[PDB]
Amino acid sequence: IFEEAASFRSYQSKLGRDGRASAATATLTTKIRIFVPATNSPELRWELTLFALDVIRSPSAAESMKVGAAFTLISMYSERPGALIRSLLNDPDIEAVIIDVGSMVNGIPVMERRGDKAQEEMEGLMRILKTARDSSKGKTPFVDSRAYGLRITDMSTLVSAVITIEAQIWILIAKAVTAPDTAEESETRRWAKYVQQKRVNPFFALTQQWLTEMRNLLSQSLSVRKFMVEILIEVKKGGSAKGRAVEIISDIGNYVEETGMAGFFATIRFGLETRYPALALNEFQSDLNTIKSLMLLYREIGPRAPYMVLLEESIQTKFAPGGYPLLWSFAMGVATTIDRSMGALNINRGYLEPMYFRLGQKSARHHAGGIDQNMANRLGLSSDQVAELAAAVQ
Amino acid sequence: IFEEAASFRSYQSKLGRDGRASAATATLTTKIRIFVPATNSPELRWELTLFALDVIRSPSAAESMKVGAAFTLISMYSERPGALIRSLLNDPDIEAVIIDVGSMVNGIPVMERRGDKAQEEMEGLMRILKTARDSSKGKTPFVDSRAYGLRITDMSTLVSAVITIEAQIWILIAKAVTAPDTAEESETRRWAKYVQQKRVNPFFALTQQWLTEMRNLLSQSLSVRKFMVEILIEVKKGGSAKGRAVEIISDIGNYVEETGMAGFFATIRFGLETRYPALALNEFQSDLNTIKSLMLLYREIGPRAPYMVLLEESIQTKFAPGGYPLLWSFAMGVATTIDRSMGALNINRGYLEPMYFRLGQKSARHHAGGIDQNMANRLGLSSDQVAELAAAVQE
Amino acid sequence: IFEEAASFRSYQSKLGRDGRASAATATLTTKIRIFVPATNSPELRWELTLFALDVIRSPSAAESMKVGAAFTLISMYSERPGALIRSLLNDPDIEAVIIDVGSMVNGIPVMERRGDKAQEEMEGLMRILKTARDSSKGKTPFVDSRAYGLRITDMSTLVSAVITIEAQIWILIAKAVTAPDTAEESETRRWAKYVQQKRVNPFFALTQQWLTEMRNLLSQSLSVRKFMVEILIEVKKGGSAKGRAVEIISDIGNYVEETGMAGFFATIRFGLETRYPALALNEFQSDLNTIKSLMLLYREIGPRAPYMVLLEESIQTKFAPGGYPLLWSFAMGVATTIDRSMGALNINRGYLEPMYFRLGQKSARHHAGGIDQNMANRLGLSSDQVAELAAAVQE
RNA sequence: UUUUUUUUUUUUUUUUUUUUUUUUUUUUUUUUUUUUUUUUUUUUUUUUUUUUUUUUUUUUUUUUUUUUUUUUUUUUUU
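Protein chains in written order, with full-length UniProt numbering: chain G, 4 to 397; chain S, 4 to 398; chain F, 4 to 398.
It is worth saying that the hints were derived from the structure and are not from the lab. Beta carbons are placed, not taken as given, at the ideal position from N, Cα and C, and that holds for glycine. Take these hints with a grain of salt, some might be off.
Restraint ranges, calculated between C-beta atoms of paired labels, are given here [unchecked claim]: (1) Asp157/F - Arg192/S: 41 to 47 Å; (2) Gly105/S - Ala41/F: 38 to 44 Å; (3) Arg192/S - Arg117/F: 47 to 53 Å; (4) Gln212/F - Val108/S: 45 to 51 Å; (5) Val108/S - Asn109/F: 39 to 45 Å; (6) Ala29/G - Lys120/S: 54 to 60 Å; (7) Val108/S - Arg136/G: 53 to 59 Å; (8) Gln122/G - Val108/S: 36 to 42 Å; (9) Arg361/G - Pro357/F: 46 to 52 Å.
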């Protein structure tokens, strides 16, 4: 009867998603140069970090080389970052040319391995680096200029630096796609955390200007977000040995997961699992069947599922609350009454049903925390006790 | 209808945890020197402990020296201190170099077997130890300076001494990463117990100056907390008799467990297992579902679970009460009302949701301990007795 | 919901607590000499006991000597005292070397089987036993000096003597680690019995000065308490005929069991098995779950459980009433109101929770002398008569 | 056998939150003690065959009455 319809909803949501796309769909690659350190000499690693910071500080650089810089800038972690790149790159938009900087002989720019083939590229980079200084009005990437000056001999001091700047990139990714500005509040809150717990050395704190230039690069290159989410899934995998370096990335991950999918998970939290009497309304049944199909769909996607928005994967559309707007309007009605932080999520969408939102508000507030409507009999609480709870709840 | 939601919560929590993370993630190892007692000689072991105390007392020693000094200083228990470190190291931050010191030939500075590579390491150690003495204005690590000169010749007094300095490190770890100041109250209260029980010899008590220099090394190095929690799990394990040495560590452990997860367990104690009538309120169902997922998650993590804050594991975030703030605010509302130990824990966090906290307080205070709502009927207590309890509780 | 939380409490309690600790944890042994009788000669055995009493009486003897002397002393019961020590010693703190002394010809010091190997040991012993005598203002260990004077040549008087002295050690162990001073009342009781019941010859009573020197040795050595509790568990096992000696010990052991865990058992004995109306309150639920977990934990620990304070096993901490203070404060409020022997136990802990203690009084006294309910309808007599009895009893 | 109708048209990105912070050894009591053989009754005994009455007898066909018989189209108003 209805079972056919429910199975048909399921059918639509999985239809044609099976199998493999034709190689005729293969997109034009773009060629990007990544200067990998490829050495354990701490001097070259820190100089390359400064070079890379400056590439992103520069308004005269192209996006193609800025992405390449972000690929050198994160990934200072491993003994062989060329393995990290080649194994986790996984992007058809990109062909990355990896250059070992080797001895890093050149003073402020990277040394070219084919020094002779073009001097103009070394000039281009030097112009970019000068532009980085001059356009930033002499202000270093760091809030203390001495951090720009000092060059590092000792591996403890190197990693203290590197992990602190990496962490400063990774705090960005959490909101770079989903609220590309206005997220300095959240990012400084997370910064406060990592320095309080002494994981990062705040001598290497980066200026809001540099962080914004990098956050913008992240908002507008998918290629670098793809690499970030690749490595973030990689280190999320359990039971491994962890160094402090990957641990802080993983930690950051917990802010990066479910990003840009607020609507979806908020209908599960403050719609489904809150389980007010309103879930018996006939109107919602289509929406409930939708969310069932979405949860199974989420499961079908597997490990990439919590990051779909950063990856800009198409399937997100299905996830959007336009697919279940009665239940979503209701759920936000609950969310905004229950959770003070849900008050501050923007719910200006065209498909807001204000009567169902007000029913959401009424289910939490007007029903007195739903206190009359105890969900389960395990407490075996007195009727009197429930009434007292409702009185205390105002 | 609802089952799919809870099973999806499960899914989210277990997603991508599976499998083993690629070697391409492997971090730059730093070099740590650990000086090790080669032999059961009391003269060696006590001088080396004094040296090691002085390395952490030093303003001029490098963190790479200091953490390896702290490793030797808390390996002094073992019949084979080199084996203890190398077997429980388990740290990709670190490459350890051991210097099994054969005969302590240099005297005040530690020896090195083939010499320092250009003599400079011995000179480095000497500078370290001088600067320790000079910066400390002559004052020893110990509260009685006679301990510093003592140059022990018998194993009985050595183990008395060692165990007492070790205990003094281990009293720190309980707060070193969770409130590294305000710690002195706890650390002295624990000190009181071990001396009252005559387990440690108070002749060897260490100065607040030295203890804070070591507490800071613990706060700022994960590599030493990794070693500590490795050995703390190791000795917590059953099915052997114990030497007083590992027993005292195990004893300390009971203060180190649950550290830095106050909020989590407090929601279990004073939200969940107290089973107030307030758990019928619809909103808390989301949070209850979360804590169920967290309990099963805790189980899934296994032996490291009680120490996840000291070992700085990402999963901790999951556990933070920001993840279930309605239940947490209510549970702290109960906790602070019921337990006169509570409320000395800081609950100034953004997600306090104080209507639910006040409902917590109004359960335990206003509902007279929730007096009416008896959970189980095996006593079948009279209404008059419940009223007497309401009177005596002072609401 | 709640079932998972209760299982989680259990999980926390048992998490780790399996497998084997790695031998990399293995503690430094301390090497100790135990002199033992080789043979069934009373002339040896009594003089060796006098020597051992004097070693413990000495101001100049080392702790390593003293513990070894306490081993010499308590092993006299058996036909193979070497076998008794070696087989029931179970301790990594220590490394026991046994000397089967042979004929005690070399004066007041014990015999050396291969002569003096340092050519100093006998002189060490001479100094020890001289300083024992001299430090004492000319006293003997015994209240009558003739006991010190009289050599023994028959087994019957030997065993009369030995048992009397061994008993005097064993009466101590019941409060050597808990309340190690103010023990004396419960060492003069405990000497009432035995003398009255004619199990000991009070000719061999020991002076308070010797008993406190031995009590101190017991408080401040774990290794001796470990040996005592090993043999105390050994003799507690049934299914065998016994000698007089072991019976006196076993009888003692009924004093030694549950020592130092007053608070734990008192929460079960008072409060919990009293099943007051107050136990139905929401407040206790955490604590009740705790006690349940502890009872099954007690079961899991098995034979050593009643002695975990004297063995100072880490787990003890778990048991401490800080782990369930609301239930405990109430339980002590019951216990002190009901039992005339309670209250003379010191309950000045920090986690006193006095509103619950006052409710513990107000149940067992204020609620009609603990007659505001009757727990179950075991016979179904009339309420009024029982209430009249409670009024006449006046709480 | 036959005789309708049967294209389409909306909506469908995102935006919050998320490290910590207290407690947490121990303390009391804990042998015993009284009673604890027996003692009386304890066969029997009365009464218990039978006896009266106990066929039958009245009445008991029938008889009156019992076809039918009148009435029975209409008419005002709107």
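Outcome of the hint check:
Checked against the given bound of 41 to 47 Å, the beta carbons of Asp157/F and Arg192/S, roughly 57 Å apart, lie outside it. Distance hint check for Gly105/S and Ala41/F: the Cβ-Cβ separation is about 42 Å, which falls inside the suggested range of 38 to 44 Å. The hint said 47 to 53 Å for the Cβ distance between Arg192/S and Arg117/F, and at roughly 51 Å that hint holds. Taking 45 to 51 Å as the suggested C-beta distance range, the pair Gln212/F and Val108/S conforms, at roughly 49 Å.
At about 42 Å, the CB distance of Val108/S to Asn109/F agrees with the hint of 39 to 45 Å. Range check, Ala29/G to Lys120/S: about 56 Å between beta-carbon atoms, so the 54 to 60 Å window is met. Our hint of 53 to 59 Å for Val108/S and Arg136/G holds, since their Cβ atoms are close to 54 Å apart. Look at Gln122/G against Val108/S: about 59 Å separates their beta carbons, and that is not inside 36 to 42 Å.
At about 50 Å, the CB distance of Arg361/G to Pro357/F agrees with the hint of 46 to 52 Å.
Against the hints set out earlier in the document, violations occur for numbers 1, 8.
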